[PDB]
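Single chain ahead, written as C-alpha cells, the form solved without the named molecule.
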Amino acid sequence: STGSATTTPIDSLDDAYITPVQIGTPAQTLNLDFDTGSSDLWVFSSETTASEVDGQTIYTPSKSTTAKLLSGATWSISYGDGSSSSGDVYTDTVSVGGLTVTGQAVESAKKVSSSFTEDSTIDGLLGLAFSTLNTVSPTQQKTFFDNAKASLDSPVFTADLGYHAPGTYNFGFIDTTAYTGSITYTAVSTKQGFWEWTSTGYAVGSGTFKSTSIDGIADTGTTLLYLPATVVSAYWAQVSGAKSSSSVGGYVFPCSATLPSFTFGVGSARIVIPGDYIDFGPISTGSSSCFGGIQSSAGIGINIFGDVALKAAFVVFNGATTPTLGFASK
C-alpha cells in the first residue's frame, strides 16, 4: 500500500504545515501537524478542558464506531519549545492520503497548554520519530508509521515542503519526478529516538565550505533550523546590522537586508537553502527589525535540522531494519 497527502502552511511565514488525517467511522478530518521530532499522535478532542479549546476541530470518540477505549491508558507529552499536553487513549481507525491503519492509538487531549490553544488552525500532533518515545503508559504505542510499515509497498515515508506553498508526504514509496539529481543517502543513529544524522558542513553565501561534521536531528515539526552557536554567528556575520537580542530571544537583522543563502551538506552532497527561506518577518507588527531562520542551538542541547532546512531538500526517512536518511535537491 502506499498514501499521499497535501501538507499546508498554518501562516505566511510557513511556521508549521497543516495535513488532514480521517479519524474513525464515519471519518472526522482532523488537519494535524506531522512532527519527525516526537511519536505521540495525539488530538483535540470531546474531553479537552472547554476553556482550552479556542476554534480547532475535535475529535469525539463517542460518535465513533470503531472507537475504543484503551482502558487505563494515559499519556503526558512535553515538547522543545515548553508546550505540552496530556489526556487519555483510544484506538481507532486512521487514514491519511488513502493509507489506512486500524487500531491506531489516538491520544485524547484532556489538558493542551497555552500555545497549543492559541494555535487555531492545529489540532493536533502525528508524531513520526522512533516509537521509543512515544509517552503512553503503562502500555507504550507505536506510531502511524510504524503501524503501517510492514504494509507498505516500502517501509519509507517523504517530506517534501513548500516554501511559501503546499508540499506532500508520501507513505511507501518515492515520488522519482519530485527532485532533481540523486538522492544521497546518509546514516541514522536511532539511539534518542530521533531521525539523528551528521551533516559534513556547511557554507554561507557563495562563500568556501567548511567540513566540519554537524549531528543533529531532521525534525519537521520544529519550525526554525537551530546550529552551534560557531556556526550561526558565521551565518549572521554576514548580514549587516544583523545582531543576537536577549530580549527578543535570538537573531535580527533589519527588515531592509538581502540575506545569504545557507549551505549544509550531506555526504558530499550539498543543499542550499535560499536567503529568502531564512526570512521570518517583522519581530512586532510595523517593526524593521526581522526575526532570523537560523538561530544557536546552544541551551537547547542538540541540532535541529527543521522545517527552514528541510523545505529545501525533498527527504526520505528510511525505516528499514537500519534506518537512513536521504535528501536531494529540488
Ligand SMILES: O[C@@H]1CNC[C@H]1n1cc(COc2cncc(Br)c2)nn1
Second form
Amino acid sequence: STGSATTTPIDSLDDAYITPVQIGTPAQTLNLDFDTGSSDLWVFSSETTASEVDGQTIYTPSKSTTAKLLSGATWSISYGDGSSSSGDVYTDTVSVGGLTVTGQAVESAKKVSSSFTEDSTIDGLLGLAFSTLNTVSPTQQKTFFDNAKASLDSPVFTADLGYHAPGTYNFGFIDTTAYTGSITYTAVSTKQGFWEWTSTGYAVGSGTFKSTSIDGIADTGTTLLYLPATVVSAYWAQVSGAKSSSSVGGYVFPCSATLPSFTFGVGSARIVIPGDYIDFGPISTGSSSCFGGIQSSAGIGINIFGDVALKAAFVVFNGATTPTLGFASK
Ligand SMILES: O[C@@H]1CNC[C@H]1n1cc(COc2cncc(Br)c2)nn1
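Now the other one: the form deposited with the named molecule bound, given that the block above is the form solved without the named molecule.
Full complex below, order starting with the chain above.
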C-alpha cells in the first residue's frame, strides 16, 4: 500500500505545517502537525478542557463506532520548547491520504498548554519519530508509521515541505519526479529515539565549505535551524547589523538586509538553504528588526535540522531494519 497527502504552511512564515488526517467511523478529519521529532499521535478532543480549546477541530470518540477506550492508559508529554499536553487513550481507525491503519492509538487531550490553545490551525500532532519515545503509560503504543510499515510497498516515508507553498508527505514510495539529482543517504542513530544523523559541515553564502561533524536530528516539528554557537555566529557575521539579542532570545537582523544562503553537508552532497528561508519577519508587528531562522542550539542541548533546513530538500525517512536518512535537492 501507499499514501499521499498535501501539507500546508499554517501561516505566512512557515511556522509549522498541517496535513489532513481521517480519524474514526464516520471519518472525522483533523489537521495534524506531522512531527518527526516526537512519537505520540494526540488530538484536541471533546474531552479537552473547554477554556483550552480556541478554534481547533476536535475528535469526539463517542461519535466514532470504531473507537475503543484503552483501559487504564494515559499519556503526558513535555516538549523541548516548553509546551505540553496530556490525556487518555483510544484506539481507532486512522487514514492519511489513502493509507489506512486500524487500531491506531489516538491520544485524546484533556489538557494542553497555552501555545497549543493559541494556535487554532493545529488540531493535534502525528508523531513520526521512533516508537521508543511514545509516552503512553503503563503500556507504550506504536506510531502510525510503525503500524503501517509492514503493509507499505517500501518501509519509508518522505517529507517535501514547501517554502510559502504546499508540499507533500508520501508513505511507502519515493516520488522520483519530486527532486533533482540523486538522493544521498546517511547513517541514523536511534539511541535517543530521533532521526539522528551527522552532517559533514557547512558553508555561509558563497564562502568556503567547512568540514566538521554536526550531530543533529531531522525534525519536521521544529520551525528553525538550531546549530552550534560557532556555526551560528559565523552565519550572522555575514549579515550587516545582525546581533544576538538577549531580550528577544536569539539573533535578529535589520529587515532590509539581504540574507546569505546557508549550505549543509550530507556526506559529499550539499543542500543549499536560500537566504530568504532564514527570514522570519518583524520581531513584533510594525518593527524593522527581524527574527533570524538560524539560532544557537546551546540552550536546547541538541542540534535540530528543523523546517528551515528540511524544506530546502526532499527528505527520505527510511524505516528499514537499519534506518537511514536521505536528502536530495529539489
Ligand atoms: O511538535 C513539537 C511540539 N511543539 C513543536 C515541536 N517541538 C520541538 C521541540 C524541540 O525543542 C525545541 C524546538 N524549537 C524551539 C525550542 Br526553544 C525548543 N519541542 N517541541
